[PDB]
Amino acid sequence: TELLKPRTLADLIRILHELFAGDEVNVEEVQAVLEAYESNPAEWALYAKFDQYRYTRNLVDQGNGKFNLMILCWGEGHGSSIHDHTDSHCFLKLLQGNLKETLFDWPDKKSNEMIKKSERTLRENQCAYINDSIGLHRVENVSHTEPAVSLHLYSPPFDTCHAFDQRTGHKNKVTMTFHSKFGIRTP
């Protein structure tokens, strides 16, 4: 339970393996360790594979089945749907640039406009946390000039979620795909 500052991305991953050795998750400790890693672009360049048209998901570590650790690369103006997290913990740490996170409540069964609960600007090295009990979110790179790169940890791993129609609250199941795994493009 003794948390030390990760010296490198590799060191962070080693620490994460320790933190997820059991069946439960100390959220505050995981967030603190992620926050404490100082982004070093040389260490994650291998995973930072962008697409011109949308954000990409790049698998870094499979957490011996306990978690997926991945790097997401957001071109200028790229963003996500309003989505849930499939009964998993979700940690988001900025490695480069800024992202806007908008929070939404779970919709009622009635067809209605989903109104923003709040928004914040997540900045370099900051780590946010979300789960389904907190609500839904959208994550966007609103920059016109700066690509963003973020480090995401989901536990347990999941490869499907829901996207919500902002106009109605209607949801559709979506399958998440990986752009690359362990530095290797996986078309």
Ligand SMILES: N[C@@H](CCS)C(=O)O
Contents of the next structure:
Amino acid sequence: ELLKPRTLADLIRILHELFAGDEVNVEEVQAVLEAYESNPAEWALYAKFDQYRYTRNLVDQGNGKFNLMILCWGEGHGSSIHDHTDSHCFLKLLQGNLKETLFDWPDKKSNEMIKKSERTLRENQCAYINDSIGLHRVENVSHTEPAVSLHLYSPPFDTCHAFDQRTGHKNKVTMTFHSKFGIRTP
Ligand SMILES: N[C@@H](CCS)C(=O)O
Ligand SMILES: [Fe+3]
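Could I see the form solved in complex with 2-amino-4-mercapto-butyric acid next, after the form deposited without 2-amino-4-mercapto-butyric acid?
Below is the entire complex, every chain and molecule, led by the chain shown above.
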């Protein structure tokens, strides 16, 4: 029975219930993530920015079933065009706005990756992506407002691919956590 999360802590407890089994009800997970109303005090501990690029801050390891993390995007910070390593990926805005640009999987032949579509994800909205849907880029295009987002991936992954927009060529990337459970992890 899906109830509204009263706090981030409550959200985490609910997510543990929803991932207790071997499968994922994506619509239920998205609904509960959307239903949590971002409260900056509850996640300030995790909102550790870097001047030069976005940061990934681990919040919960989901008893192995998922990683829950907070990403902090300075003005002008964005991601590569990337995949999600055969995992479910949910993205909820906690602060600010992010531009999501969708791309198709490239063909073998080298070619410009043309954007399929784009949308602006606004505060408290939750997006969902997986490799069967396509690839995406996520960017804070604001000149004046930092953005903060809450990401859930299941199963957890720490490697993915970045795609060259000019050719479609992919390279393996390993991502690191800027912090874990509020502690900077250089
Ligand atoms: N998956 C990316 C963030 C955009 S969804 C990352 O883990 O850094
Ligand atoms: Fe992504």
